[PDB]
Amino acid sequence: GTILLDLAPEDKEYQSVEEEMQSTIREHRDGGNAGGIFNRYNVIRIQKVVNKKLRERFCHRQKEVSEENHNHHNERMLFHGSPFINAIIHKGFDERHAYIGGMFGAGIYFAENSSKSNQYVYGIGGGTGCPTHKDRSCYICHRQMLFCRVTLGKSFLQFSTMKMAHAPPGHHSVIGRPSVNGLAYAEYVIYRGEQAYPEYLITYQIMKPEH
């Protein structure tokens, strides 16, 4: 099964991960309603998810994809946030838990910006916030997000992704690109759980802006 390996802060691997997270905090047009109001995170833990079988599934799919993508599996490190993280780190991603509805198709979404994924830690639009205080901007409760290896293969670009069940023929992923009457940032979508490996499990808190 899965083994979570704690990384130490002096480890350069820890420092890269936290830097990518801290440096990708972006401005969201919702006044912080979904993910809360914060300028930085308090990263309190970064664990490496080690799962032999899960890795083998990932690499096997990566091979299939590469052969259909002129030998480029096109892997990318991206963020993912959702209430399913504990289940994911133990069994791997599962597209069976992805449904068409609202602004999303039946795929698993990833973001280049940590702050975007933070908006989904407690559910779509931040849900009702943390379980304990029902505060989307809770500075107390610990949140978790994943920094994963994502096999994109041949990506199909489009503006809306809310009605997708699978990637278009010949493709392995879909990228929702920004538009004036639509998305603010790009969203990476896969429709097969095995196209993502939850490399790092980040435990953190958003920090209140300093006075």
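Residue numbers count along the first chain shown, from 1. Rigid core here is just the name for the largest C-alpha set that superposes within 1.5 Å across the two forms. What changes on going to the form deposited in another entry:
Lining up the core between the two forms shows that one residue from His60, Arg26, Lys163, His142 moves its Cα 2 Å or more, and that residue is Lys163. Superposition of the core reveals a Cα shift of less than 2 Å for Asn42 between the two forms.
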The other form holds:
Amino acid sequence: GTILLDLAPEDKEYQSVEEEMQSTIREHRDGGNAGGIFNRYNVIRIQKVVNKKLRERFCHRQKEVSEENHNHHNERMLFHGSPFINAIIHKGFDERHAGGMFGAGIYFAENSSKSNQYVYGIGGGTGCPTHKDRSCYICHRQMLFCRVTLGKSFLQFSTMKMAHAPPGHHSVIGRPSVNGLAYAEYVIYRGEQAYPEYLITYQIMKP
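Switch from the form deposited in one PDB entry to the form deposited in another entry and print that structure.
Only one chain is given; partner chains and other molecules are left out.
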């Protein structure tokens, strides 16, 4: 099954992942309601996720997408927050579990703070299980930093609800715009198009 390999804080790989997590924090339109109020995280640990079966499905799909995109799979490393991270690291992403702006897909953010708004559910739900606080500064949260095969992407500023990527395409990118999205989002419609590469355990920090 799945093996988690702990990254040391002195490793350049650990440092690269933390830097991407910290530097992509942005100012949210809800004032912190969903994800909590913070300017930085406290990273507890970063683990590499190893799953032979998930890797095989991912690599198989990556080759199909590369062939349909002029031999370029076009991967991006993107964040994913979910109260179901334990199932994802064992079973992978599953599009069958997909109100989304781009329809029935699997969603990722390039801004870690956007994925953080989803760690405890839509709008943060009732927050951490122990204290029922969306802004809990004690409980450890988890998010994934994933390899996402975008292939030939379809870029949009406004909502476009679909069941699958458009013909010939492999993903949908929602870009920010005035009167549109605040931050980008990336959507795939096949679970095998993402690999949950890193598992980050963290706390948000009180300003």
